[PDB]
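Colleague: One letter stands for each residue in the lines below.
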Amino acid sequence: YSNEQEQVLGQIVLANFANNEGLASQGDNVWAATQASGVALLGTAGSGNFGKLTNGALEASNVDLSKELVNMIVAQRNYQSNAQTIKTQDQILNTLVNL
Amino acid sequence: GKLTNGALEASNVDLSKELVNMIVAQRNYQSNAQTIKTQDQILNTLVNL
Amino acid sequence: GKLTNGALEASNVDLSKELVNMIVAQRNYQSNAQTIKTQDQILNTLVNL
Amino acid sequence: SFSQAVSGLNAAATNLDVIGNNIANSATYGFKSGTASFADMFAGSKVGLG
Amino acid sequence: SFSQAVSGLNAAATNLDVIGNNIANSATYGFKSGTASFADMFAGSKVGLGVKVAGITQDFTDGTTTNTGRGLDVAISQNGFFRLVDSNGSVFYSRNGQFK
Amino acid sequence: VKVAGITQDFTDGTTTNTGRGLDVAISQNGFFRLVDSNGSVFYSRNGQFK
Amino acid sequence: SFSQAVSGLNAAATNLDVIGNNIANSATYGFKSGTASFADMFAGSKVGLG
Amino acid sequence: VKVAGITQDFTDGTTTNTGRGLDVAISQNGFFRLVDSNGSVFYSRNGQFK
Amino acid sequence: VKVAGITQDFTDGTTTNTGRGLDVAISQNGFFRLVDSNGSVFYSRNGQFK
Amino acid sequence: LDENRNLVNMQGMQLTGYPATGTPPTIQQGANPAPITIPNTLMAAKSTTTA
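Residue numbers (PDB author numbering), protein chains in the order written: chain A, 304 to 402; chain B, 354 to 402; chain C, 354 to 402; chain D, 2 to 51; chain E, 2 to 101; chain F, 52 to 101; chain G, 2 to 51; chain H, 52 to 101; chain I, 52 to 101; chain J, 102 to 152.
If you're looking for bench data, these hints aren't it; they were derived computationally from the structure. All C-beta atoms in this analysis are idealised placements derived from N, C-alpha and C, irrespective of residue type, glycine included. Be aware that a few hints might be false.
As the list claims (entries may be wrong) - With a straight-line Cα cutoff of 20 Å, these simulated EDC-like cross-link-like pairs (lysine to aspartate or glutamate) come out:
hint	chain 1	residue 1	chain 2	residue 2
1	I	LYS101	I	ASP87
2	I	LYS53	A	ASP367
3	B	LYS370	E	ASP60
4	C	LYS355	G	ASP41
5	C	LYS355	E	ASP87
6	E	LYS47	A	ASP331
7	F	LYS101	C	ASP393
8	E	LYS53	C	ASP367
9	G	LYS47	C	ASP393
10	E	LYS53	A	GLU362
11	J	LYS147	A	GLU307
12	F	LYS101	F	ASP74
13	C	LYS355	F	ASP74
14	C	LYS370	B	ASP393
15	B	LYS355	E	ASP63
16	E	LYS33	G	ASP41
17	C	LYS390	A	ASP393
18	B	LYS370	A	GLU362
19	I	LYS101	H	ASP60
20	E	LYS47	A	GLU324
21	G	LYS47	C	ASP367
22	B	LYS355	E	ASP74
23	A	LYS355	I	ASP63
24	G	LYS47	F	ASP60
25	E	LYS33	E	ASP63
26	D	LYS33	A	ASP393
Stated by the list, open to error - Computed Cβ-Cβ distance ranges for the label pairs, DEER-style:
hint	chain 1	residue 1	chain 2	residue 2	range
27	B	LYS390	C	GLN392	21 to 31 Å
28	E	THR67	J	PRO140	35 to 45 Å
29	D	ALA37	I	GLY70	54 to 64 Å
30	G	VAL7	A	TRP334	37 to 47 Å
31	J	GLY131	C	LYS355	55 to 65 Å
32	B	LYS390	I	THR65	43 to 53 Å
33	E	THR67	F	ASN89	54 to 64 Å
Stated by the list, open to error - Chain H is nowhere near these chain A residues, computed Cβ spacing over 10 Å in every case:
hint	residue
34	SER305
35	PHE320
36	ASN323
37	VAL373
38	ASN374
39	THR391
40	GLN392
With the hints as extra help, turn the sequences into a complete structure.
Modeller: This is the structure:
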């Protein structure tokens, strides 16, 4: 303020959940607490089970491309393996039906 | 704010920070394109099965 | 709009956008070959029966 | 029948899809990576269901 | 299927393009760098559906006040915008003070 | 299925630089009304003239 | 796309050209220095065009 | 690595005489207090007034 | 192969002289003990003290 | 920020937090959070009570 003072227009409120992985994503990068996901269990940013709030910083993408670039390949090879099964299933059924 | 006479304002764009980001952007685009392979292979896989 | 004396208008088309559309068109069209083929094979079973 | 296989096939696709999203979400600022978890089935007989 | 890839692929392309614009505008005086901000999408299931671009946000942190010596060249130091008009009557806002 | 119509993305592209005199650009919505030799009338956006 | 890169590149070409002319005329008498002034370009979208 | 911050070394410089009257230097800790036209309060160490 | 673990090296580095008063450096084994906000006892070796 | 002068993200979601009351204003510790805002108002001249 211009009168060598300052108000307090609010305080940022966090939300710590005892249970996790129940937070259902809702399209945009937001989560919603559901049944058995736990109550909101509010709490300030200072103490307890909460973390510091660095100013001017942003979270990373939490993904390392080297890890999924090979999981993709192994999942693919699994996919053609399945398809060979289902190929065999189609093949088997095929011989019996034409017989 | 104040108005300084006889001067202008730069572009505030630093090249040392943008060239490094462009490498990551390119490799990320390549990795995104890599999924179309598996995906196209799966489709072919679903079709040729 | 405004004018400019000495200039030309581009084609407002992007290849990087367009090729991947062409891939899904290649894959999507094929995914329709399978329905017509399985729609005709079944009929071939009936006539032979 | 197809049950022993097609379900797994679907599972496989999901296992791929959850990867692809992570590939696409590699530039967002608030993302968290995701994987899949599976589980077998058993009927009255001791043969798996998929 | 393709939705998880192509949409995200589009995002990546867009990112590079804005980066290029920065490189293409590192010399223009009244310019502000812009960066993309993304956002995922979800259906009713637990699987994702790719990424949509959410916004092209500029960074209005002021730059360096390089001088030229001409009288009709003024520069802002903090929050503010020159108000420009056109022949038709529409209004605009800018920060390039290279007047004439 | 169908084909509702064939549309055209009318988002104007880039304005290049050629230095020639008889070249004109349209920065926003706006068209050039041209006439054929017989007297017909068409509308175009090309800035190539001589 | 190539549009923004080409525009920036042939803008920097003129930017080098004006400096070259200024250097080459650093000894003439009735000479006034030269400088280039650029201006970026946007279409109807939110992403720039160079 | 995270940039913890840019610290400043607040030792005093070398006292240099200039012969003017509107100029004062501080030998140890302390700051001049200035008021802006907008009423803001700032602090400084260069003693050279007008 | 696993990763049996990450091992830190605990050799003492050099000892830069910056000139400030509110800063120290340990010469051998020993760690500064710090407590933030709520609780917890962390250990450090950096000597830059606000 | 916003025309309604609210702490809002890239999708129209107001950030919620502890409100503040009193003079001088101070926050609460157990109140249900309300959307945070940045009013462009003016401070009132509060007379001296203690010294």
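Colleague: Each hint should be assessed against the structure and marked as holding or not.
Modeller: Hint-by-hint comparison with the structure:
1. I/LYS101 - I/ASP87: Holds. I/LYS101 to I/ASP87 sits at ~14 Å (cutoff 20 Å).
2. I/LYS53 - A/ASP367: Answer holds: I/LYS53 to A/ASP367 is near 19 Å, not above 20 Å.
3. B/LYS370 - E/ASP60: 14 Å, holds
4. C/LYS355 - G/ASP41: 16 Å, holds
5. C/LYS355 - E/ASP87: 11 Å, holds
6. E/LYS47 - A/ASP331: Holds: E/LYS47 and A/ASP331 sit about 13 Å apart, inside 20 Å.
7. F/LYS101 - C/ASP393: 59 Å, violated
8. E/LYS53 - C/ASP367: It holds: about 18 Å lies between the C-alpha atoms, which stays within 20 Å.
9. G/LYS47 - C/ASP393: 49 Å, violated
10. E/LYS53 - A/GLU362: 18 Å, holds
11. J/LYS147 - A/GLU307: Measuring from Cα to Cα gives roughly 13 Å; hence the hint holds.
12. F/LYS101 - F/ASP74: 8 Å, holds
13. C/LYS355 - F/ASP74: 14 Å, holds
14. C/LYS370 - B/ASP393: Holds. C/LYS370 to B/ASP393 sits at ~17 Å (cutoff 20 Å).
15. B/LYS355 - E/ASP63: 13 Å, holds
16. E/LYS33 - G/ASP41: 10 Å, holds
17. C/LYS390 - A/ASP393: 16 Å, holds
18. B/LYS370 - A/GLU362: 18 Å, holds
19. I/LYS101 - H/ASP60: 12 Å, holds
20. E/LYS47 - A/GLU324: 11 Å, holds
21. G/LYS47 - C/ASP367: 16 Å, holds
22. B/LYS355 - E/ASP74: Roughly 14 Å separates the two Cα atoms, so the pair holds.
23. A/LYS355 - I/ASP63: Since the Cα atoms of A/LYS355 and I/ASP63 sit roughly 30 Å apart, the hinted pair is violated (cutoff 20 Å).
24. G/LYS47 - F/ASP60: Holds, at roughly 15 Å.
25. E/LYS33 - E/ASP63: Holds, because 9 Å separates the two Cα atoms, which is no more than 20 Å.
26. D/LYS33 - A/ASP393: Distance ~39 Å between D/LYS33 and A/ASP393 Cα, so the pair is violated.
27. B/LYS390 - C/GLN392: 21 to 31 Å: Once the Cβ atoms are compared, 30 Å apart, the range 21 to 31 Å for C/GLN392 and B/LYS390 holds.
28. E/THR67 - J/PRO140: 35 to 45 Å: 37 Å, holds
29. D/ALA37 - I/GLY70: 54 to 64 Å: 58 Å, holds
30. G/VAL7 - A/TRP334: 37 to 47 Å: 44 Å, holds
31. J/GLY131 - C/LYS355: 55 to 65 Å: Given a distance of about 59 Å, which is inside 55 to 65 Å, the answer is holds.
32. B/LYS390 - I/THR65: 43 to 53 Å: Holds - the Cβ-Cβ distance for B/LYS390 and I/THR65, about 51 Å, lies within 43 to 53 Å.
33. E/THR67 - F/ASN89: 54 to 64 Å: Because 60 Å falls inside the window, the suggested range holds.
34. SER305: 5 Å, violated
35. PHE320: Consistent with the label, A/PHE320 stays out of reach of chain H, its closest Cβ about 27 Å off (over 10 Å).
36. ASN323: A/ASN323 clear of chain H: closest Cβ-Cβ about 26 Å, beyond 10 Å.
37. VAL373: At about 28 Å from chain H, A/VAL373 clears the 10 Å cut-off, so the statement holds.
38. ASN374: For A/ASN374, whose nearest Cβ neighbour in chain H is about 29 Å away, the distance exceeds 10 Å, so it holds.
39. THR391: 55 Å, holds
40. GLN392: A/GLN392 is indeed farther than 10 Å from all Cβ atoms of chain H, at 55 Å.
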